[PDB]
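Read the single chain below, which is given as structure tokens and is the form deposited in one PDB entry.
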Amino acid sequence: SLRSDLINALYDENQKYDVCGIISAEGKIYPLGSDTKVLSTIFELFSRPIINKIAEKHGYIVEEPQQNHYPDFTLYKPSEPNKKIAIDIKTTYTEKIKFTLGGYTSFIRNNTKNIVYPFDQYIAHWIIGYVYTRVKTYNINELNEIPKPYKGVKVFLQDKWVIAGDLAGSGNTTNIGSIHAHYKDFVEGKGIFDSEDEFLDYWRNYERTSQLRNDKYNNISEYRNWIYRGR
């Protein structure tokens, strides 16, 4: 399937590749820095052509956002527009890890807010997650010598709702937080939500601050009880 093929390609490319730095048209190479801000960018650029190849193979068109719009890549067959696939690349570093899974006050609450296509046209939302362990200009003949700012990159592909957690991933920027677990748990899909509907309902009614949440719910246990009693 598109998913299995996508997973295998990312898994493969990541085994046989290491990004060294940026290159100028005159062939000078510039090394990478340690800021995850740098790596997120590097992993997004590194993923682009792979997603595109696998997609094209399966008859899917790919569209990128325009600024501030989810998702990184929108896939769909020309014949079935109403059945889009949204893929977003998330990065974190290292042990348990956690990801910020996007805002909970935009498209999940307002169909056309900050999203490339209306939210209801997407049938799937995948997360490609990259996990890396944190660790002069160069010429082409030196690519092997350039030091990298990371080690042991792991990648996984999973449904957003499946790895979504019950605690916010950011305060002021109101992001959904992922489960806090090991990489294996992400691959296996050992989350907390029972369905994508439960995921969407929980995050659609989550209050922005703990003060507001004290009266409603702060975690999945409390949410289910609140549901049991009539909301």
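Residue numbers count along the first chain shown, from 1. Take the two forms, find the largest set of C-alpha atoms that superpose within 1.5 Å, and that set is the rigid core. First, how it differs from the form deposited in another entry.
- Only one entry in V187, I29, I50, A181 has its C-alpha moved by 2 angstroms or more between the two forms when the rigid core is superposed, and that entry is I29.
- When two forms of a protein are overlaid on their rigid core, residues whose CA moves 2 Å or more are considered shifted, and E80 is not one of them between the two forms.
- After superposing the rigid core, the C-alpha of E142 moves by 2 Å or more between the two forms.
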Second form
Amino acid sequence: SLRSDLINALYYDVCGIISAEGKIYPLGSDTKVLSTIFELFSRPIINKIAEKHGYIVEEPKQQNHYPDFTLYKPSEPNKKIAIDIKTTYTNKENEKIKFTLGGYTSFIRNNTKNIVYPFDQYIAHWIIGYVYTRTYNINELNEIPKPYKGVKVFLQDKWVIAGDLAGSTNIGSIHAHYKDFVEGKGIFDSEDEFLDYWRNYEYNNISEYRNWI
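For comparison with the form deposited in one PDB entry, please write out the form deposited in another entry.
Shown below: the chain alone.
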């Protein structure tokens, strides 16, 4: 599949910031610069595996628009694949994780707000997740102490991974272990159910929701 080919590829060590003079500067523990990196590392992979499947790859002309990458076969436009890069970290190892997966009031509700292409033209919503555990010369690369260790990857459907609680107007993912994400041990009984649930979020959870029917 295109999915398969991507997954396989995904299955990520930065050293630092390099200077034209060859000078290398170790980076740091800023939880923000890092999420930007997992996105630099990605662009190429997604790009390469797509092209080898006759798919043009689109990026938003403006920050703050979904999703990170739009995929499609020029031939067919009402069948797009939206890829979004998500990142998270752990303080210890093998803890339960949780992500933030978007706004529950944008396109999800109005079809056009904040999305690159009209939500209705998108057949799938993948989430590539990355989990991590919280001068120099080209030769010393092995000496630059990294800013985090033991990274993990997973390709997955947004609705599968989707939670019922809300971030802290953003959607929260389930609050599980890395294994549960890969497998797809979610909460919603479907995309339809995901949609509906999140479209009518002002019910206070998936159980209270089913009853609400």
